[PDB]
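A.B. asks: Start from the sequences and build out the full structure, keeping to the hints where you can.
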Amino acid sequence: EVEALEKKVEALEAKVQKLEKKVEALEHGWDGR
Amino acid sequence: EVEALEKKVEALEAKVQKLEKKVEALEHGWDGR
Amino acid sequence: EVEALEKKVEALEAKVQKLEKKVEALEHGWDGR
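Protein chains in written order, with the working numbering: chain A, 1134 to 1166; chain B, 1134 to 1166; chain C, 1134 to 1166.
Calculated directly from the structure, the hints in this document are not laboratory data.
Even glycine gets a Cβ: it sits at the ideal position worked out from N, Cα and C.
One should not assume that every hint holds.
Said to hold, decoys possible - The calculated label-pair distances, taken between Cβ atoms and stated as ranges, are:
no., chain 1, residue 1, chain 2, residue 2, range
1, C, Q1150, A, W1163, 14 to 24 angstroms
2, A, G1165, C, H1161, 15 to 25 angstroms
3, A, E1146, B, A1137, 39 to 49 angstroms
4, B, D1164, C, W1163, 11 to 21 angstroms
5, C, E1153, A, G1162, 18 to 28 angstroms
6, A, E1139, C, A1158, 27 to 37 angstroms
C.D. replies: In structure tokens form, the structure reads like this:
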């Protein structure tokens, strides 16, 4: 279970990093947003 | 601890999926955004 | 591993809560968004 949870957490870390970048871009209006 | 962490990770997966849908909608301007 | 995963999950919970607040603000146009 721990091996599977670790993979799930790592996938979440990647997805959350991507969301943070997109949301900061929206908040800041970067690149014409 | 693992049982509680698993529930926390599953809740995160649901929340992150929801955020991805909302952020793609904002980025794409879907439905008048 | 479980101790490290727990810290990672807790950090994700904080980041996801922050994203939910920012995305709701964008969706609702709060504060001039």
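A.B. asks: Assuming the hint says 27 to 37 angstroms, is it satisfied by the Cβ distance from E1139 of chain A to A1158 of chain C or not?
C.D. replies: holds (32 angstroms)
A.B. asks: Mind checking the hinted window 18 to 28 angstroms against the Cβ distance between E1153 of chain C and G1162 of chain A?
C.D. replies: holds (20 angstroms)
A.B. asks: Could one say that the CB atoms of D1164 of chain B and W1163 of chain C fall in the range 11 to 21 angstroms?
C.D. replies: Holds: the Cβ-Cβ distance is about 18 angstroms, inside 11 to 21 angstroms.
A.B. asks: Do the beta carbons of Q1150 of chain C and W1163 of chain A sit within 14 to 24 angstroms of each other?
C.D. replies: holds (23 angstroms)
A.B. asks: Does the hinted range 39 to 49 angstroms hold for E1146 of chain A and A1137 of chain B at CB?
C.D. replies: Violated, at about 19 angstroms.
A.B. asks: Within 15 to 25 angstroms: is that where the Cβ-Cβ distance between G1165 of chain A and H1161 of chain C falls?
C.D. replies: holds (22 angstroms)
Hint check: a violation occurs at hint 3 only; the rest are consistent with the structure.
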